[PDB]
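Now for the letters of each chain:
There are 4 protein chains.
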Amino acid sequence: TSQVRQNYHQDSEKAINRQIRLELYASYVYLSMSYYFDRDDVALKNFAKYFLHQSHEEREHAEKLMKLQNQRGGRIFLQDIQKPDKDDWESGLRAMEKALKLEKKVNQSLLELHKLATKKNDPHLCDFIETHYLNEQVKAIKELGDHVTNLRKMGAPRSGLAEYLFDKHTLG
Amino acid sequence: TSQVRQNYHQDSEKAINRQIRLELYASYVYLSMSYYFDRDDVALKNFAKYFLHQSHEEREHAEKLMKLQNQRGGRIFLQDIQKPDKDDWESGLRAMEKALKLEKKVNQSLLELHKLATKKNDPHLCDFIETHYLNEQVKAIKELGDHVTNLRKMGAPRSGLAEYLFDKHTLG
Amino acid sequence: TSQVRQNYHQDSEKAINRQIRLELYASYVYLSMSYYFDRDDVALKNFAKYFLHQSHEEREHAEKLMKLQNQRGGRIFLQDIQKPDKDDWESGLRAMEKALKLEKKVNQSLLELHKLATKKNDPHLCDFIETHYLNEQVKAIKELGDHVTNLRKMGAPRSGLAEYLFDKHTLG
Amino acid sequence: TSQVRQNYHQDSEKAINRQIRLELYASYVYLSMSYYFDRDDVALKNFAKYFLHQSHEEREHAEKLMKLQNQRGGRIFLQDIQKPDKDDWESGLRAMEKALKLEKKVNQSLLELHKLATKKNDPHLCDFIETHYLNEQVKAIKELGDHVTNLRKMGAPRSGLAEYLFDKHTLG
Ligand SMILES: [Fe+3]
Ligand SMILES: [Fe+3]
Ligand SMILES: [Fe+3]
Ligand SMILES: [Fe+3]
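Protein chains in written order, with the authors' numbering: chain F, 5 to 176; chain C, 5 to 176; chain C', 5 to 176; chain D, 5 to 176. A prime marks a further copy of an entry chain.
Think of the hints as simulated: they come from the structure by calculation, not from any bench. One or more hints might be untrue.
Identical chains blur together in the list; that is why a pair holds if it fits in one copy or across any two.
Straight-line alpha carbon distances no greater than 25 Å define the calculated BS3-like cross-link-like pairs of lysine-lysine that follow [unchecked claim]:
| no. | residue 1 | residue 2 |
| --- | --- | --- |
| 1 | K90 | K105 |
| 2 | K87 | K53 |
| 3 | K172 | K49 |
| 4 | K49 | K87 |
| 5 | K109 | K124 |
Construct the complete structure from the given sequences, taking the supplied hints into account.
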């Protein structure tokens with residue numbers, strides 16, 4: 005047992021390791037999406053910039069969980085980071101829809117992790133998830149839904165003019 | 005009954021007065037530790053300054069609980085502050101080990117207080133403990149673990165050179 | 005065929021996708037190394053910061069290859085990022101030795117990629133590798149050699165004092 | 005023989021004079037495109053500015069080769085600069101397509117020049133072409149590809165708004 009460990013359940017420790025993997029997976033998906041928009045046959049520089057920003061943010065989400073693991077005296081165990089489900093993300097609209105799906109899946113995992121922290125009477129871990137992750141997820145999901153709504157209303161993905169103008173005026 | 009009092013259990017009010025006592029006791033332990041390092045036959049000026057800083061922090065912890073008691077309309081009952089376990093703290097490593105033990109003791113008390121607040125459905129007191137106390141304890145405990153590890157690996161307490169160089173390069 | 009594609013061999017396009025994977029793997033190795041030094045029972049804060057900096061650098065190496073692939077009109081295919089060889093990196097000296105081995109592995113891959121670019125008479129890809137990668141690897145390898153030498157000469161890994169003082173005076 | 009001449013093949017010297025002529029030709033094509041967009045019946049001022057910038061850039065490309073010829077002790081022979089293929093470039097999209105074709109033609113000449121310098125074991129001339137020309141061409145080709153993709157996806161040339169909005173939001 006780590007000299008620092010106190011009120012830290014082994015189940016919570018294993019769950020935090022799985023959350024670190026999910027955050028690194030989310031970073032990877034956003035990295036894939038970013039460079040799709042950098043393609044010469046897609047060429048939406050602000051979609052590329054937006055998703056690269058998201059990719060770097062997911063890496064910081066992972067690093068903060070790795071810090072928490074060591075803070076509580078847990079031990080980090082890393083697994084392969086799986087490739088994203090798509091190589092070609094089709095359109096700005098379809099990428100935003102897939103990003104919204106991703107953020108809701110990450111959110112579901114955080115809520116399962118909170119339920120487990122609640123069941124193991126770990127208020128420090130409850131506070132950590134609430135303070136640093138749950139509202140970040142709500143804001144992310146709201147923002148992506150807003151993006152999806154505007155792109156659909158403007159006539160995306162059939163209107164290449166819609167994706168062009170959204171890229172300039174919302175993401176730029 | 006105080007005109008402000010709302011959703012505040014007698015048991016929670018009592019538990020806060022016990023916490024105030026423990027925070028003052030912790031302030032007193034770190035004060036004794038500080039001036040042990042100020043002895044001409046110990047003479048580790050940065051260990052002394054480290055533990056005096058910790059002493060002042062514990063007094064601020066006590067004051068914020070006293071403020072909380074009056075915010076909630078509870079009544080402060082102060083008790084004798086027990087003298088520390090040791091007069092002579094033996095070494096840098098032994099003082100850091102006792103500080104780690106002290107911080108886990110205070111953390112255990114905060115976790116029992118949070119369990120009580122949760123049982124009495126006092127979300128304001130739960131938030132207060134989580135926001136102001138629980139991550140402060142985790143950080144304190146991780147830092148003291150880090151310090152114990154480094155001193156042990158350097159060859160303390162048998163190396164007077166180890167504690168000298170740790171005083172200069174880590175606490176300095 | 006991409007409208008931009010000119011003098012870019014399928015074999016070079018494939019080799020760039022393998023290089024992107026290796027750069028991401030190297031980022032993942034250095035991330036695991038970083039948080040090993042962040043453990044309460046290792047507690048070498050400058051080793052931790054050193055390896056996290058190296059992790060962020062490898063991610064930037066990957067991104068510039070992804071940009072290159074799209075510049076040349078190749079298509080990015082991402083793969084699973086393999087977990088690092090070790091969960092526990094044992095010591096400062098052992099992590100630096102593994103980092104030196106990692107950097108020579110990445111360097112070997114870049115030299116094989118340059119051999120391919122030379123065979124396919126791709127001067128743009130040759131220049132890209134030489135300008136952005138090959139002297140970065142030589143400098144990384146010389147620096148890690150220097151660090152291994154100093155730690156060995158100081159008495160690591162058996163001196164906890166050696167790794168402590170190297171953390172303070174070289175990585176600090 | 006020039007007192008400065010060293011490792012400079014007569015074939016290389018002649019190829020440099022041919023490259024000077026092509027760079028001057030490129031400057032002329034861009035000048036022609038620029039003032040097409042300045043017409044009262046075309047009136048796309050940011051298309052006009054973009055192509056004039058490209059014209060001045062190509063003049064710089066020609067002057068750096070003329071400096072190189074003299075640095076190596078070769079002798080400049082200038083020839084008639086051929087008029088561009090068109091007086092009327094028809095549209096923003098069609099001008100960007102012809103510009104993409106031009107940059108690929110200039111890039112091919114530079115790759116043939118590099119092949120000759122390689123065959124003549126002229127590393128100074130290889131480095132000159134790689135450092136100053138090859139990545140400039142890759143960047144120019146990627147940019148024009150991106151521009152062509154955007155104008156196409158916006159609905160150029162059937163869409164009335166597309167060229168107008170691209171001139172404002174991309175080239176402005
Ligand atoms: Fe995240
Ligand atoms: Fe306290
Ligand atoms: Fe690298
Ligand atoms: Fe040119």
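Open item on the list: Under the constraints set out in the numbered hints, which ones does this structure not fulfil?
Closed with: none
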